[PDB]
Amino acid sequence: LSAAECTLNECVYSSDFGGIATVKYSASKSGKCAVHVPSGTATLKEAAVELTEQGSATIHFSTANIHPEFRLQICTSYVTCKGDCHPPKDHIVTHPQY
Amino acid sequence: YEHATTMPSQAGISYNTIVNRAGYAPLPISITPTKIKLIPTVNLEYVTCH
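Protein chains in written order, with PDB author numbering: chain G, 296 to 393; chain A, 1 to 50.
In case anyone wonders, no lab produced these hints; they're calculated from the structure. Be careful, since some hints might not be right.
Stated by the list, open to error - On the chain G side, residues computed to face chain A include the following (Cβ under 10 Å):
# : residue
1 : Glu341
2 : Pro383
3 : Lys384
4 : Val388
5 : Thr389
To be verified - SDA-like cross-link-like pairs, simulated, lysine to any residue; straight-line CA separation at most 25 Å:
# : chain 1 : residue 1 : chain 2 : residue 2
6 : G       : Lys340    : A       : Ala25
7 : G       : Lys377    : A       : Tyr24
8 : G       : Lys340    : G       : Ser297
All C-beta atoms in this analysis are idealised placements derived from N, C-alpha and C, irrespective of residue type, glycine included.
Could you put together the complete structure from these sequences and hints?
Rendered as structure tokens:
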């Protein structure tokens, strides 16, 4: 992966993966790239994602920080992605806290 | 979802607003008072005529 850009469109921190982040990439080859966040701020729901040649990819994450700025790790390099999340709507969720 | 709004008490004008939460998409909500009625509580006291 070269010339990687991550853009957090809209995020809502909650128990579940209330945050969705979009990453624009320029992959050297078609295929899948393993994706991870070294920091504990958020966890990716997907371990790996298929990459097109020069398309954009979307990921789903859960976090607890209102202003998350985490450097998620991709198959080759890092990219810092920052945005503003929003509080959850429902008071109580029937899900354990991720 | 709790939401508070006030509109002028006039008929024939449709009121447009959106119920918006940061999480969900904003939801259009439209109200148009077709007719507004005011009913006094009358009491028939007596009847008169020629």
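Structure-based check of all given hints:
1. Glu341: 21 Å, violated
2. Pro383: 7 Å, holds
3. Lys384: The hint holds - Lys384 (chain G) has a Cβ within 10 Å of chain A, the shortest such distance being about 4 Å.
4. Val388: With a minimum Cβ separation of about 12 Å from chain A (threshold 10 Å), the hint on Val388 (chain G) is violated.
5. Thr389: Violated - the Cβ of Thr389 (chain G) stays beyond 10 Å from chain A, reaching only about 17 Å at its closest.
6. G:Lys340 to A:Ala25: 23 Å, holds
7. G:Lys377 to A:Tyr24: Measuring from Cα to Cα gives roughly 21 Å; hence the hint holds.
8. G:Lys340 to G:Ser297: 23 Å, holds
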